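As structure tokens, one chain now follows by itself in the form deposited in one PDB entry.
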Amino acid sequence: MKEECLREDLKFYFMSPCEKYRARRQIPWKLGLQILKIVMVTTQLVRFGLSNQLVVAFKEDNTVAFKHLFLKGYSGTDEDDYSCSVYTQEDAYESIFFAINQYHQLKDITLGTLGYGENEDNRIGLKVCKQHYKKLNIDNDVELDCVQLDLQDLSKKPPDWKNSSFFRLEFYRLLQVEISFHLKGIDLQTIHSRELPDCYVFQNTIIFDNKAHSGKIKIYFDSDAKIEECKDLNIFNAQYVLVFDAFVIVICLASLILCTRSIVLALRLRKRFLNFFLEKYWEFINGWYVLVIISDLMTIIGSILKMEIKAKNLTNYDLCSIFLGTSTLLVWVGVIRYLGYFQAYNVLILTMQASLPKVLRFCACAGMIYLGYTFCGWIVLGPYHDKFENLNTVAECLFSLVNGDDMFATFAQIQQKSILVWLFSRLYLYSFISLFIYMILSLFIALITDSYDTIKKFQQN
């Protein structure tokens, strides 16, 4: 009879929860737990996205306002990773002096709720530091020299800092000039909700940088905002977020227990089944359960990081967003397990799994050609094309070209001044596009759609 029991157990382990309830009236509380997990994970992600969106928007708006206030002739958009640049010793001095003067007159210029902030030494003021190669006759040692400009110093009606010997820069040895100051800000966008407003501290540095010594000074503006207590403010939900993240952890922790319990009970049946198939003469490792375990781990980690961020009032949410986003992606991918219960949808999951090994084998061959083209394009078209400047950019450009993106602009960005490089670029682009788009991907398509012929006839039989 134990043979019949083993057969009935193996039949039970292979049927859908709907069929389990139809047959043996076993309630699918694990399925309900998973649906609840989907709903709560998505809810937590959406709430987190909305709140952190608000905070990031406030910080970026303040940074843009600071750039308009302190960078002379700022166009409103960054030239590059740096905000603006100058090419003349006079434009350089005017940019520096403009920044200092705008800081002096901050209260009469700003449109927001800005104020001067105490620095790291607990004194309101402006710090200017400059680095020179100490001296045609220059040593490699950099001579740093700083000055602390108070509000009293800048507010002297005859200004003495402008004429001081500090601001006479020898631009041929200059490495950089850095201006540092602190500002205190309040977002009044929140007080309509009776929430006490959040007070932020901005640590701003303007770097007038010519490490390149190529005739251009690049001006970088960096604003680092942190959240501090509102020391002085009179304006006539932390628990709810924290408990919700605890419920998400508990549910995800419970799903970890149930899935691992399910996997263990599956391996027990494999042990039993081999016994009946050792005397008479991935099936029990569900690949969906591995995905569910990874998703639960990532959701727990992301929730712990989120609670830590909210507890100690931090504003960088990158790593927590990367864990929560990946876990949500995997949860929504794992919903495909419930659809695959209905065999009508299963034949479409099987057609992808069958095509995967041929795709991987084919990527090995196409990958080598792709790498060769990447190296060639970087070494040749690097000095003459902005889509080929470094290797990572070349890889992305070739990927986009394979997908047809921006072909004419890519062809037209090579100036015909060098005839040899122009001819080579034409040959390179034509050969890469023809080869990859018309042999490589056609063979690839052919491999996949026809492998999907066999799953289609294999399920018919």
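Positions refer to the first chain, counted from 1. Rigid core (definition): largest C-alpha set, two forms, superposition within 1.5 Å. First, how it differs from the form deposited in another entry.
- The one residue among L350, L314, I124, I369 whose Cα position changes by 2 Å or more between the two forms, with the core held fixed by superposition, is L350.
- Once both forms are fitted on their core, the CA shift for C18 between the two forms remains under 2 Å.
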Contents of the next structure:
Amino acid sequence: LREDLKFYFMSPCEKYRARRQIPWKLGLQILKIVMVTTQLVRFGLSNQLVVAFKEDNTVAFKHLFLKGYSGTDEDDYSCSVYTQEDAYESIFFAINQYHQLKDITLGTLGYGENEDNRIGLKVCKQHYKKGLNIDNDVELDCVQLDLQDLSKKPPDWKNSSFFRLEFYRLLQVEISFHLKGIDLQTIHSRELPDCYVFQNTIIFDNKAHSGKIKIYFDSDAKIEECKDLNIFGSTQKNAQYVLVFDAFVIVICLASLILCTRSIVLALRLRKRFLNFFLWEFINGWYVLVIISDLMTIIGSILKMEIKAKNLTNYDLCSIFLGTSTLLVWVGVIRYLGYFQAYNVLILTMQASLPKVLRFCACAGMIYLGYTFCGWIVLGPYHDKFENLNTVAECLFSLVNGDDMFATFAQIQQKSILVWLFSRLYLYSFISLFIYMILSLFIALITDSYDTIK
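If the one shown is the form deposited in one PDB entry, what is the structure of the form deposited in another entry?
There are no partners or other molecules in what follows, just the one chain.
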């Protein structure tokens, strides 16, 4: 039993130095680290290319169809108008741009079919029925504008009574159309280009009824088969090319999953044997982390394989899984390196101070929450950094860590002398209090780290 206990606590390198036991587990771990990092890098590069293409196309569309587009979104919406003729001009400009799409576009862009396979432009409007007499119910009417209708020498659609919008009753006007684009940037690699279908919606939203309508542009994009295309170049097989690399990563992490599970079981067996002799110290906390990382890697690889198989363009859950898995993989490198045993005093303090810091954070947290609520309720309407609770929390965290305090002082509005005076008291007290609380903490931590060690 004593021989087994010494062997289980022994480091693999010294296991080979004394017992000549080959540490295949360490090599498997290193291989897993390398494969996970390589897979993450490849996935990141591919996503970078696809996302860059889609965002560039969206920017080009915004420049083409939005009237007087500056080049930067004013907020969550691209642009806004404040006058009836301005809104009319924006709508008519968007419609007229779509008609000459061929003469204007600089890229490989063409007209796309709708759900019922028809090239055209659909515009819908919403109003409260008059029945300022109005009713809560809304009316929705849409008109389909084909390319033939827009091509007519007399536009006609413009003279239609459909466009007489009663802005006082208007809710929103939405313009939707489909476009097909091909990225020739990939043809150089002899890799057959992948056609894209863009579903664009322009929403002239005035739901607020505050005298200003907001123009939203959304461009949903997806990959489609390049039926209408003829290039001297090879097709794509890289799908199956990467399909084996992902499978190998799954197998390697699956092996590491069982291997760590078997080691935990053997540890439990030894503790039972030790307990019989003597009728937390046996469960490595670095094995459960490895198990979690393996599970996350397997899930992320499965999601990536599913995304690649179905030619999906959304990689948010898979990316999160892969990133967390890689982070956990690198903390295991810390574990292995620490085998040197020249890391002790630091580890000790990290265990001694953890309860004290956790107690301090619980106390400081209640002051922080109250300050958050007070700041949001008082400086909410007068400060841009205090508009909502989450923003208040982030601003207070930054202030606690020494960031952007002068901007916080400056961006207040002196239009209200009562609020301005309170803000100075609010900001000065908060910064002074948390500096002092962090002061009283370090000194205590130090005084106690001497009692425990000396």
